[PDB]
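Shown here is one chain on its own, the form deposited in one PDB entry, set out as C-alpha cells.
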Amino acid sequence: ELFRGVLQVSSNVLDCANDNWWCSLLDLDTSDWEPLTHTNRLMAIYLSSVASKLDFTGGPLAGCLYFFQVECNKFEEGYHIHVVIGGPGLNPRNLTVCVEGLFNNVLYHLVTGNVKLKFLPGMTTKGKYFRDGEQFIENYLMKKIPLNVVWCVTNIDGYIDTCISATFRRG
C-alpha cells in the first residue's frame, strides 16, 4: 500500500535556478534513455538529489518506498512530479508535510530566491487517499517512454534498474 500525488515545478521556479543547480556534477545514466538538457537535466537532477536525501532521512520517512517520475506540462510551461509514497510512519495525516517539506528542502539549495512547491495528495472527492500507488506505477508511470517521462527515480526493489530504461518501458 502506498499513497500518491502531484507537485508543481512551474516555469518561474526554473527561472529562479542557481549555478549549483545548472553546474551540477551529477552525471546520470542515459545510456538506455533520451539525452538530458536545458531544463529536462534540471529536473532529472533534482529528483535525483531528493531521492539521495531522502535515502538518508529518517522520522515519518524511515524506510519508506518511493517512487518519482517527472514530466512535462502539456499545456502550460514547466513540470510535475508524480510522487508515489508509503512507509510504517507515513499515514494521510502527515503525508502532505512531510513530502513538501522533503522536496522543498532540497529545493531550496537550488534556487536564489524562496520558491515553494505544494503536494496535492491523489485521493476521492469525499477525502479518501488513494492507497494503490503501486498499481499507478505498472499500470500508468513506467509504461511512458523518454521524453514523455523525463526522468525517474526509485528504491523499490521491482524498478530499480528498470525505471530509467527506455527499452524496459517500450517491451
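Positions refer to the first chain, counted from 1. For clarity, a rigid core is taken as the largest C-alpha set superposing within 1.5 Å between two forms. What changes on going to the form deposited in another entry:
Once the rigid core is overlaid between the two forms, residue 73 counts among the residues whose Cα shifts by 2 Å or more. Once the rigid core is used as the reference frame, the Cα position of residue 125 differs between the two forms by 2 Å or more.
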Contents of the next structure:
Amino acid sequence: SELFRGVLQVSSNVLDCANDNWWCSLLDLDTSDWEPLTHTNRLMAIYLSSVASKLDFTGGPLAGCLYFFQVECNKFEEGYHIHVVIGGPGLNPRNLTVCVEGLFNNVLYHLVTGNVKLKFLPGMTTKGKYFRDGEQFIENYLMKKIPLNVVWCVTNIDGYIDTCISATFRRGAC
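Can you switch from the form deposited in one PDB entry and show the form deposited in another entry instead?
Partners and other molecules omitted; one chain follows.
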C-alpha cells in the first residue's frame, strides 16, 4: 500500500481545556487485553474512537480511506502525540494536512473550551516528499509499542483490526 503518515501533537493545554462533554463521555472500550484507561488516558482513547467513527462514514477526500491512529505518551512527555497513518484515492500531498486537521479538529471542537485545535505534521523523506510507507511503519514501529506507552489505537486495516488493541500481541512483537 501507499499510505501517508504524520503526527498531531497534543499539548497539556488541550487537556487543560477539556470540557464537561469530554470528561463525561461514556463509550465502551475493550480493555480486556490492555491496561485500565482512566483520567486523561481515557479521554484520549474516547477521542480517537470518536474520530475513527466519524471517518468511517465521511465523504469527500477522505471517502474510502484506510487509517491507523495511535495515541502515545512517552516518559517525561507532557500531553500526548497521535500517530496517523492514512491513505485513500481522494487524499493527495496537497490536501493531506487540511483534511486530517479538519477531521480531528471537527471532533475536538465539541470537547474543548476555546479555540483549541490540533496541527498535523506529515512525515517527510530525505528528498522532502511525503512518506508513503505508512503500512510498513505500522508493522515495524507502531505495533511494537505496549500500553500505556501506547494509550489507544484504532484502525480499519485488515491486518491490524484484530491486534491493534491486543497488549499480548504487541508484547510479542517487541
